[PDB]
Amino acid sequence: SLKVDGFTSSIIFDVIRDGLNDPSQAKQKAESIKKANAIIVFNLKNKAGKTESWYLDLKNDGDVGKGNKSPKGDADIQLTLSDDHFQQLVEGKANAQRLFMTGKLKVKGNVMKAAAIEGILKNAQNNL
Amino acid sequence: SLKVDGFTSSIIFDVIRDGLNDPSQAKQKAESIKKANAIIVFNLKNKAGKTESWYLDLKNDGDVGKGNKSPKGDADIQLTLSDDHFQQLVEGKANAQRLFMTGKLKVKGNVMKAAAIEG
Ligand SMILES: CCCCCCCCCCCCCCCC(=O)O
Ligand SMILES: CCCCCCCCCCCCCCCC(=O)O
Numbered sequence: 001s002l003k004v005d006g007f008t009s010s011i012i013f014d015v016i017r018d019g020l021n022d023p024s025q026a027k028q029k030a031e032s033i034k035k036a037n038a039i040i041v042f043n044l045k046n047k048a049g050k051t052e053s054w055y056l057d058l059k060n061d062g063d064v065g066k067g068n069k070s071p072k073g074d075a076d077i078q079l080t081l082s083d084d085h086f087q088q089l090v091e092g093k094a095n096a097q098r099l100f101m102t103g104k105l106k107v108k109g110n111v112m113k114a115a116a117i118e119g120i121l122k123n124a125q126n127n128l
Numbered sequence: 001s002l003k004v005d006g007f008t009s010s011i012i013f014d015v016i017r018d019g020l021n022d023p024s025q026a027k028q029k030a031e032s033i034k035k036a037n038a039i040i041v042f043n044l045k046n047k048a049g050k051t052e053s054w055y056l057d058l059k060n061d062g063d064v065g066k067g068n069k070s071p072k073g074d075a076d077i078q079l080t081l082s083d084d085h086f087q088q089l090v091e092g093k094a095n096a097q098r099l100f101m102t103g104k105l106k107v108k109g110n111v112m113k114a115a116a117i118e119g
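These protein sequence lines are chains B and A, in that order.
Just so you know, we're using the authors' numbering here: the first sequence kicks off at 1 and counts up by one.
Just so you know, we're using the authors' numbering here: the second sequence kicks off at 1 and counts up by one.
Everything labelled a hint here was simulated from the structure, so no lab data went into it.
Where is the CB? At the ideal position from N, CA and C, for every residue including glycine.
There may be inaccurate statements among the hints.
Said to hold, decoys possible - Partial pick of chain A residues on the chain B-facing surface, computed with a CB cut under 8 Å:
1. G73
2. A75
3. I77
4. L99
5. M101
6. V107
7. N110
8. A115
Could you build all of it, start to finish, from the sequences and the hints given here?
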């Protein structure tokens, strides 16, 4: 339901939302917001030339939703890459730093904080 | 055998074990472990209200067994579904993303591993 047709990686946002919002993740969620203190927007591009965005609010209460903007504020970080590369990145087939360095991943806002997000997200979302 | 009475789909665990362990599939088994690097637990539910779990260890040696934990470590990802839908899924009669969108399939654990295993 955060999934959008024509973006095959987007199903991942539902899985991330369920993991992060799981009330058993309350502590992890709070620690992640403390660490990240950031609203991160993902702008995905597909081959048909479409753009779709999702937000990850690790700054206020912890939320994942559809849109290029949290309802509780503007993005601190914007990450722009293709559907394909986002898939690869979530799988671990591509490294975010290599994608950045080869022009596949564009970042607006702090690149150091951007790098840290991967590990901070991993911890908050992982509800097993 | 890994299958359990009242779980019609559970024969797939015996099937997966034999197919994975077939000496002819040594290269494939190795690649799957290399690629997945994950312990997957299946929690199945039936119409009688019962729950049974199996694990598929694609991180260590490639074992399939009964229970909600591998002996050689904790689960990275957990899939919960009904006996009925799991059978459909295994027989290529239902799609995993569709089951997940309609709430028939519940996923817990590492999003990276979840992504990696689906393929
Ligand atoms: C390798 C598996 C990753 C699983 C976690 C999914 C979250 C993906 C978001 C990654 C954010 C990192 C962006 C790095 C930006 C940079 O420093 O170039
Ligand atoms: C016929 C092969 C099936 C036997 C092996 C069982 C594995 C089937 C389950 C597929 C994994 C589903 C992961 C999708 C979760 C998601 O990211 O939405």
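So, going through the hints one by one against the coordinates:
1. Annotation: interface hint on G73 of chain A violated; nearest CB of chain B at approximately 12 Å, more than 8 Å.
2. Using the Cβ-Cβ criterion of 8 Å, the hint placing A75 of chain A at the interface with chain B is satisfied: the shortest such distance is roughly 6 Å.
3. This hint holds: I77 of chain A has a C-beta 7 Å from the nearest C-beta of chain B, less than the 8 Å allowed.
4. The criterion of a C-beta within 8 Å of any C-beta in chain B is not met by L99 of chain A, whose closest approach is roughly 12 Å, and the hint is violated.
5. The criterion of a C-beta within 8 Å of any C-beta in chain B is met by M101 of chain A, whose closest approach is roughly 7 Å, and the hint holds.
6. Given the 8 Å rule on beta carbons, the hint for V107 of chain A holds: about 6 Å separates it from the nearest Cβ of chain B.
7. For the restraint placing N110 of chain A at the interface with chain B, the shortest Cβ-Cβ distance is roughly 5 Å, inside the 8 Å limit, so the hint holds.
8. Interface hint status for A115 of chain A: upheld, as the beta-carbon distance to the closest one in chain B is roughly 5 Å, under 8 Å.
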